[PDB]
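Excluded from the complex is one protein chain; the other protein chains are retained at their positions.
Naming follows writing order (A, B and C), and every chain is counted from residue 1.
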Amino acid sequence: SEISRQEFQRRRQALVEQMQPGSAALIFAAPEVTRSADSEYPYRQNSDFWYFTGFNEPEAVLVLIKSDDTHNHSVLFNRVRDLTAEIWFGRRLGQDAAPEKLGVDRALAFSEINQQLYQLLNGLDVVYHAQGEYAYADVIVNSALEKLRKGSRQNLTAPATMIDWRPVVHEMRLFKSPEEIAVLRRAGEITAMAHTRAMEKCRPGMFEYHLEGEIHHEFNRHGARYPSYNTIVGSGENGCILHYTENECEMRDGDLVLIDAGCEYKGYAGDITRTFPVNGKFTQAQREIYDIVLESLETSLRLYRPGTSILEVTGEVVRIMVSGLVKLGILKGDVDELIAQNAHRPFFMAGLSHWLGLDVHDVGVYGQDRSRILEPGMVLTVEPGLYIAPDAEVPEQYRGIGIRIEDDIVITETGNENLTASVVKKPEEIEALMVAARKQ
Amino acid sequence: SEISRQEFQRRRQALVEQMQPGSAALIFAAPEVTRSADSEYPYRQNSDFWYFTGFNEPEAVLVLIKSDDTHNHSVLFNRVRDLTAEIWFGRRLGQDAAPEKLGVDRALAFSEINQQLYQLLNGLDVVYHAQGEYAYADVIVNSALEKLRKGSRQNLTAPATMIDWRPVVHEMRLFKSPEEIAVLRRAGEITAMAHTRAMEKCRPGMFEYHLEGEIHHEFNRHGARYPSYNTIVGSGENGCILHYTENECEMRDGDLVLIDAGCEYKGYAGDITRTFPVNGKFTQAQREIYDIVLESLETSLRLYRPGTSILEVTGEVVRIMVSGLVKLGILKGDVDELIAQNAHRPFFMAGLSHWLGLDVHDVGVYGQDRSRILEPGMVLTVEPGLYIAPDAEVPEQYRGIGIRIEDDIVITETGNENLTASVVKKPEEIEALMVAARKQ
Amino acid sequence: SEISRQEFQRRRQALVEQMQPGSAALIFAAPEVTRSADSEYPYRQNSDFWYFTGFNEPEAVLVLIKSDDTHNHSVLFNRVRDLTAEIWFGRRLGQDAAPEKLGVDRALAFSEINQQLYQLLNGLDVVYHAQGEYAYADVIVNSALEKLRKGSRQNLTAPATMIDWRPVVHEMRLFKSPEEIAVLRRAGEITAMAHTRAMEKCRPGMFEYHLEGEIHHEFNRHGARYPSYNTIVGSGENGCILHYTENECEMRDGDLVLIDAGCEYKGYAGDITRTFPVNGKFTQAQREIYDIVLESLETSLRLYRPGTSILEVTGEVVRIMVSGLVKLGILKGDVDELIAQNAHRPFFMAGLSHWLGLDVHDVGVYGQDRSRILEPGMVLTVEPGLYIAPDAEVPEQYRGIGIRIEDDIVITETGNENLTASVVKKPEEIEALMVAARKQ
Partner (left out) sequence: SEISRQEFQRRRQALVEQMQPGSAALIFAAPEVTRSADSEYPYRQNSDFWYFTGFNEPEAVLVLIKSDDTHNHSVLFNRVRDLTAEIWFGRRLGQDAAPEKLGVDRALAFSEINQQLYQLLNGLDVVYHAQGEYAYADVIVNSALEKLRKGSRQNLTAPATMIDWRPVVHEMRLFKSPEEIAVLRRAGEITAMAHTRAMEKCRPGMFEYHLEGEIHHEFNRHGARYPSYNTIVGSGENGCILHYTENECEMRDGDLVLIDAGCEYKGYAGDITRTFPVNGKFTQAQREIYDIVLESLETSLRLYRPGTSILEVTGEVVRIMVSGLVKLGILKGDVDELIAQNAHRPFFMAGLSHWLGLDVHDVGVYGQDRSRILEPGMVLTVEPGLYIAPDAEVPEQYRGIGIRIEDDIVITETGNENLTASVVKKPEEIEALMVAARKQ
């Protein structure tokens, strides 16, 4: 699926609706980013700028002007067309095609922005700007306001009020539209197919990075060229490290592998984690920890719905985990006292959920301790895990284990929808899948 | 293959040999680099810092101190160990293991660099620093020199002389050692296998990005996780655009596809371009242009040797190209006058060769118009191409064609060695390869 | 006279009255300023910071917090006491004496401002800050807002709204209180005594700078140590240059001298200009131009009152000047057409009036073309002048003449009060004064 022109227009108007009359909102594009020397990383548009434009060029600025409660218009600054620059550094939209292509009223050359922007802000009361987001943007905005401030003899005046649009825009991004949900739904499928494939390909002797290659290939073949985040393939003791991206080790018969990978599809992130035996057969000890993480996920998926919160559901997960660990002798004592002592923390130190959207760790206000009441349209991850360090003082068989199972959900009128359930997580279903693949 | 500890030591001493007595060289690591929000691109170490250390962390600084012509020592600043930071943002070397792991004399915490660096520079005559390379580095170095300058009452003195080490270091990087050549030799094989695979997989109806996925998979499976540069898959008229990386189009029966992709293997870049029919069968018109580019490459590979230069060989290529284009009626007139008129330029506007190494467009001095005499150990690309715009005023059958064929070579005592010849480029061999694959 | 503690408190409350509830206003002190090497200029406090504090130290910040419509409090950041620093760079107020001395609620060390300021802004909706006023201030404020923005997990939130307090504060400064008027009244007397003295001392053969010395001495002896602006003593052709401060020439019998000097008394600027014959006797040609400037000033002093504007009075001055110049043959033609042609501009190119206060060119909004209706409490200069260039195409006797006569006034309920009329300006009174002095 995709995001429509009409949808981009709706979002702009939605922002304008909340703006004060006599104001302008300034949204800047991301800079290009060096990888080494004259070589650059693949371009990634700023998420907020993308959200309002679906325009994948740098050196661009969207300006939304609200004259009053019924009058408003849009100006885009963007790079000019140029036969030289394009033949080299690749084709450009230019000013002519931009109004029609991107549904803006006017389009001006970025190279003129210092000559033109102050004229657009002259006489307004308010400017909305995300200060500190980019250095080049702050320089342009501050330069425009100084010309207005020092220009009373030329009848110029600066807006005295600057407001951060991020709280407003991020509150919008927090609630996904039907179109957005459809896109994320497809990101979930693509990402899941990748994890299914990783499970099917995995053999002892393969290196962790080989599963990374299989996943990225799968993303690509469905049209999601880039991952939403750096892929994790943590086998054995590497599963205990949360930001493990080296993915440099041989995968050994007997170990578990934790794979956290997500595609980026039309800008929107998938985010799945599956953990499984490298040899296709869970051991007793591996099952004992896996079952606790899986019950945490399965209960959380039953619970998540409008009315509850991440905090509340996290409470139930803590309970499930402390009980499970007490039964294994990894913790000793009363469950309720241990909870109050937060005794689960050496083993479960991540949160259960984060917002998901144009960024994998998406924008939006969580509330104190993530107490915010959930409403339909919110999209989030459910990702319980247990991480027992190699030197943890616990029975030997649990040492050096890292297990996480992560699914992506959307809150609905009566519950939630699981976007990533098409890749399996029940242990019998994992072993069946891997067995089935190993006859080929 | 790999780069040894001993080799890293040799390079450091080689630099020290050329430094003035009573001097210190400051080499800084690359900053981490944001992709979107809290998510980061895969880390890419600065090439020069990497060259002297094989150390893949940010917030690190190599300091090489020359007391005199026989006394010198090395200090490394690097991130301290930290159970918190690592469990999250991934394992760190720390100060204890660093001397032995990386062959430096001393290792100090990066968080102490402002308290310690000025003490290392006190009383020296010369500091070698690459000014403007990184903002954070300039701030550290300038801060260290100001403390020394303003500290005469505490018997401190700053070195009065600052020298850019880049000309010196880049002249070293220009000449590859046996180990480096072995690594690049393997980068060439990996990259070539990827291009062979792309040719074998290509069918009409596949999208350009599908061949990108096949190539990146092949890089990965041989242990080259990342490309050295953003992959180009330019089919049809997209072949006319030199920085085409969108790779977003359906590949059509009848069109050519130009694939320029390279792996990064132990830091060193492969760089191959092959152009071929999407349907496995060159047309007369496609053959007519391809044959001119291929003769240019084949002649260049015969010519490149110690004693000649990129400029001189480029001269012979211009000749080959103008003659070929005159025979097709794409140019009219006397070959020699047309050459003097530079009449080939609308169609051949890139250079023939660039240095290759830790950067795809490698460091090192070219000489005026690339006139520098070649010597053994230099590594470079040979990449003639013809690009006929869709609206070029030439016979219709040549319009909208882009063809490049690129190989990587090293200059040897008596000629050159072709690192990328294991992927085919003779047209009959391309058609045979694709035919053979199409029975499967 | 002086400014009371109570008055400083009133101004703070007056600002607070206009602030939004749940807001904080940040007012920064001026940096110290190098003259050459380790030597500094005499310290000049930022005028706005001074206005609210009467505190003459750098590295100080006034923070006014409005909790709601009845609750507000003040925090001062200032330099800590230190026996070392003071014995050297001079005594300091410190935190203990500050609340009581300066009428603030709380006082904290400036060296703690980055550890404390963000805590004062946490949870507010609005911060009032003068962006771009000082680099060090912007760094402190931006640093405080980033900690709040990135600190949601520690339950911090930044104010989303930033407002420039300068329009508000400068509108306050535009209207002087009884105390302020009394201070300016005394600045006027001091400044005038200085000009009277200059006239009495002036002889041919003295250098322009000698009159500067006489003026600065007079300022000093009445307790106004520093001038409000760099003194102008433009004799002969130097009178034609508006920013003449070299004051390096011998004063010649036959020439006029234009003296523009003002004291700074308790922070408030005097600003007087008197022009007079170096030899104490006006010539016919000097009188002819002087009489036009003086009638302009005398008419302006009759006119200035509540209800009119600088623009309107400037209109009447233009009329007076064009008529005067036509009668001398310096302009030819119809007065009304010449006015419309703005034909007076080569000779009268300054404005007639500027606001006067803590800055000689004081803050406050003028309106388009200075059309703002005057109200009681506004303080301003009246300074018509004629400047005929040495090469002006006019009768020889008028070439190379510069004449200005400037007085300071305050608008009152029924007119204006002249603060500087105690130094003479009628030509007969100037000649009498100089004659009287020349018998001594």
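Some points to look at:
The definition used in the following text is that a residue touches a chain if its C-beta (ideal position, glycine included) is under 8 Å from a C-beta of that chain, and two chains touch if they have at least 3 such contacts.
The absent chain, not drawn in this view, touches the displayed chains B, C throughout the complex.
When the full complex is taken into account, the listed residue touching the unshown chain is C:36, out of C:6, C:36 or C:440. The chain that is not drawn here is touched, among residues C:27, C:297 or C:363, by C:363. Considering C:17, C:86 or C:171, the position touching the chain not shown turns out to be C:86 (whole complex). Screening C:55, C:244, C:265 or C:398 for touch with the missing chain picks out C:244. The missing chain, though absent from the display, is touched by one residue of B:146, B:248 or B:337; that residue is B:146. Although one chain is not displayed, chain B still touches it through residues 131-132, 142, 145-146, 149, 152, 155, 158, 160-164, 167, 365-366, 368. Where chain C meets the missing chain, the touching residues are 30, 33-42, 44, 46-47, 86-91, 207, 209-210, 212-214, 216-217, 220-221, 223, 225, 228-230, 240-247, 349, 358-361, 363, 387.
Methods note: only the chains that are shown with their structure count from here on.
Chain centres here are Cα means. That of chain B falls 62 Å from that of chain C. Centroids of chain A and chain C (each the mean of its C-alpha atoms) stand 55 Å apart.
Contact of a single residue of chain B with at least two other chains is seen at no position.
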